[PDB]
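J.: Take a look at the letters that make up each chain.
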Amino acid sequence: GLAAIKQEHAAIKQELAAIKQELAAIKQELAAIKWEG
Amino acid sequence: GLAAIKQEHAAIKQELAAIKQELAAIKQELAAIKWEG
Amino acid sequence: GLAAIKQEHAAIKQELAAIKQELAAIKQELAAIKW
Amino acid sequence: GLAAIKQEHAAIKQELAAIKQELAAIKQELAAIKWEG
Ligand SMILES: [Cu+2]
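Residue numbers (my numbering), protein chains in the order written: chain A, 1 to 37; chain B, 38 to 74; chain C, 75 to 109; chain D, 110 to 146.
No lab work stands behind these hints: they were computed from the structure.
Each residue gets a CB set at the ideal place from its N, CA and C atoms; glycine is no exception.
A few of these clues could be false.
As the list claims (entries may be wrong) - Just so you have them, the derived chain A footprint on chain B, three or more residues with Cβ under 8 Å:
1) 39-46
2) 56-68
As the list claims (entries may be wrong) - Calculated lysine to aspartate or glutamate pairs in the DMTMM-like style (CA-CA distance at most 20 Å, straight line):
3) B:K64 / A:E36
4) A:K34 / A:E15
5) C:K80 / A:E8
6) A:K27 / C:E82
7) A:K20 / A:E8
8) A:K20 / C:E89
9) B:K64 / B:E52
10) D:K122 / B:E45
11) D:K129 / C:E96
12) B:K50 / D:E124
13) D:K129 / D:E117
14) C:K87 / D:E131
15) B:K57 / B:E73
16) C:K87 / B:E59
17) C:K94 / A:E36
18) D:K143 / A:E36
19) A:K6 / D:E131
20) D:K122 / C:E103
21) D:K136 / D:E124
22) C:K101 / C:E82
23) C:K94 / D:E145
24) B:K57 / D:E145
25) A:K34 / D:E117
26) C:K80 / B:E45
27) C:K108 / C:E96
28) D:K143 / B:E66
29) C:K94 / B:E52
30) A:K34 / C:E89
31) A:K6 / B:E45
32) C:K94 / C:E82
33) C:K101 / B:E45
34) D:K115 / B:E66
35) A:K27 / B:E45
36) A:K27 / A:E15
37) A:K27 / D:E124
38) D:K143 / D:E131
Bound-form chain A, shown alone:
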């Protein structure tokens, strides 16, 4: 069970990484938008 919990935490870590990649993509769009106001 200690290894099982560590694996579940690793899965959560991967989803946090995917969220960080979406945040970066949003910031990229905001930078483009900022030129156009």
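Here the structure of chain A is known, so what remains is to put chains B, C and D with the ligand in place on it, guided by the hints.
T.: Okay, now just chains B, C and D with the ligand, sitting in the frame of chain A:
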């Protein structure tokens, strides 16, 4: 015990998946307001 | 140990709730930009 | 095992706090774009 921890991890993972989907939708909406597509 | 894990998981859940509140606020600003 | 689990929970909490702060920054940036046109 161990089973209840595993359930809480499943709920956390599911919520992170939903947050990720919402961020992807926000990114698409932002991209669409730019002058060039 | 089990109570500590439960408390840590409750704190994580509360932060997820706060994140959903910020998402709603982002959506409000974007809707204002497009209104 | 208990110390390792606590450390990973602290990492998850810290990642979520950082995600929340990035979202607050995105919200504030969008508000600036809203005001300036
Ligand atoms: Cu956990």
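J.: Look at each hint and say if it fits the structure.
T.: Going through the hints against the structure:
1. With a threshold of 8 Å between beta carbons, the proposed coverage of the stretch 39-46 of chain B by chain A holds, since 4 of its residues qualify and at least three are required.
2. With 8 residues having a Cβ less than 8 Å from any Cβ of chain A, the stretch 56-68 of chain B passes the three-residue criterion, so the hint holds.
3. Note on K64 of chain B and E36 of chain A: the hinted pairing holds, with a Cα-Cα distance of about 17 Å set against a maximum of 20 Å.
4. Taking the CA atoms of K34 of chain A and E15 of chain A, the gap is near 29 Å; set against the 20 Å cutoff, the hint is violated.
5. With a CA separation close to 15 Å, the supplied pair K80 of chain C and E8 of chain A stays within the 20 Å bound.
6. With a CA separation close to 30 Å, the supplied pair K27 of chain A and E82 of chain C exceeds the 20 Å bound.
7. In summary, the hint linking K20 of chain A to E8 of chain A is supported, as the alpha carbons are separated by about 19 Å, within the 20 Å threshold.
8. Under the criterion of a C-alpha separation no larger than 20 Å, the hint pairing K20 of chain A with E89 of chain C is consistent with the structure, at around 16 Å.
9. Between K64 of chain B and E52 of chain B the alpha-carbon distance is near 19 Å, which keeps this suggested pair within the 20 Å criterion.
10. A threshold of 20 Å between alpha carbons decides the hint, and for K122 of chain D with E45 of chain B the separation of about 15 Å falls inside it, so the pair holds.
11. The suggested pairing of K129 of chain D with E96 of chain C holds, with an alpha-carbon distance near 7 Å, which does not exceed 20 Å.
12. Taking the CA atoms of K50 of chain B and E124 of chain D, the gap is near 14 Å; set against the 20 Å cutoff, the hint holds.
13. Of the supplied pair hints, the one linking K129 of chain D and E117 of chain D holds, its CA atoms being roughly 18 Å apart against a limit of 20 Å.
14. Restraint check for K87 of chain C and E131 of chain D: satisfied, since their Cα atoms lie roughly 18 Å apart, inside the 20 Å limit.
15. The straight-line distance between the Cα atoms of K57 of chain B and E73 of chain B is roughly 25 Å, outside the 20 Å bound, and the hint therefore fails.
16. Proposed proximity of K87 of chain C and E59 of chain B is supported: the alpha carbons are some 17 Å apart, at most 20 Å.
17. Simply put, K94 of chain C and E36 of chain A have alpha-carbon atoms about 28 Å apart, too far for the 20 Å limit, and the pair is violated.
18. Distance restraint check for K143 of chain D and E36 of chain A: the Cα-Cα separation of roughly 12 Å lies within the 20 Å cut-off, and the hinted pair is therefore satisfied.
19. For the suggested pair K6 of chain A and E131 of chain D, the alpha carbons sit about 27 Å apart, so the restraint of at most 20 Å is broken.
20. About 27 Å separates the Cα atoms of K122 of chain D and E103 of chain C, which puts this hinted pair outside 20 Å; it is violated.
21. Between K136 of chain D and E124 of chain D the CA atoms are separated by roughly 18 Å; this keeps the pair inside 20 Å, and the hint holds.
22. The suggested pairing of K101 of chain C with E82 of chain C is violated, with an alpha-carbon distance near 29 Å, which exceeds 20 Å.
23. Among the hinted pairs, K94 of chain C with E145 of chain D is inconsistent with the structure: their alpha-carbon atoms are about 26 Å apart, more than 20 Å.
24. For a cut-off of 20 Å, the pair hint linking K57 of chain B to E145 of chain D is broken: about 29 Å separates their Cα positions.
25. For the hint pairing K34 of chain A with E117 of chain D, the CA-to-CA distance comes to about 37 Å; that exceeds 20 Å, so the pair is violated.
26. Pair hint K80 of chain C plus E45 of chain B holds up; C-alpha atoms about 9 Å apart against a cutoff of 20 Å.
27. Of the supplied pair hints, the one linking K108 of chain C and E96 of chain C holds, its CA atoms being roughly 19 Å apart against a limit of 20 Å.
28. Annotation: proposed proximity of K143 of chain D to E66 of chain B holds, straight-line Cα distance about 15 Å (limit 20 Å).
29. Taken as a hint, the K94 of chain C and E52 of chain B pair is honoured in the structure, with Cα atoms around 10 Å apart against an allowance of 20 Å.
30. Simply put, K34 of chain A and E89 of chain C have alpha-carbon atoms about 29 Å apart, too far for the 20 Å limit, and the pair is violated.
31. A distance of roughly 14 Å separates the Cα atoms of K6 of chain A and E45 of chain B; the hinted pair therefore holds under the 20 Å criterion.
32. A distance of roughly 19 Å separates the Cα atoms of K94 of chain C and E82 of chain C; the hinted pair therefore holds under the 20 Å criterion.
33. At most 20 Å may separate the alpha-carbon atoms for a hinted pair to count; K101 of chain C and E45 of chain B exceed this at roughly 28 Å.
34. For the given pair, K115 of chain D sits about 38 Å from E66 of chain B by alpha-carbon distance, which is inconsistent with the 20 Å threshold.
35. At roughly 31 Å between alpha-carbon atoms, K27 of chain A and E45 of chain B are farther apart than 20 Å, so this suggested pair is violated.
36. With a C-alpha separation of about 19 Å, the suggested pair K27 of chain A and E15 of chain A falls inside the 20 Å cut-off, and the hint holds.
37. Of the supplied pair hints, the one linking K27 of chain A and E124 of chain D holds, its CA atoms being roughly 18 Å apart against a limit of 20 Å.
38. Between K143 of chain D and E131 of chain D, the direct Cα distance comes to roughly 18 Å. Compliance with the 20 Å bound is thereby established for this hinted pair.
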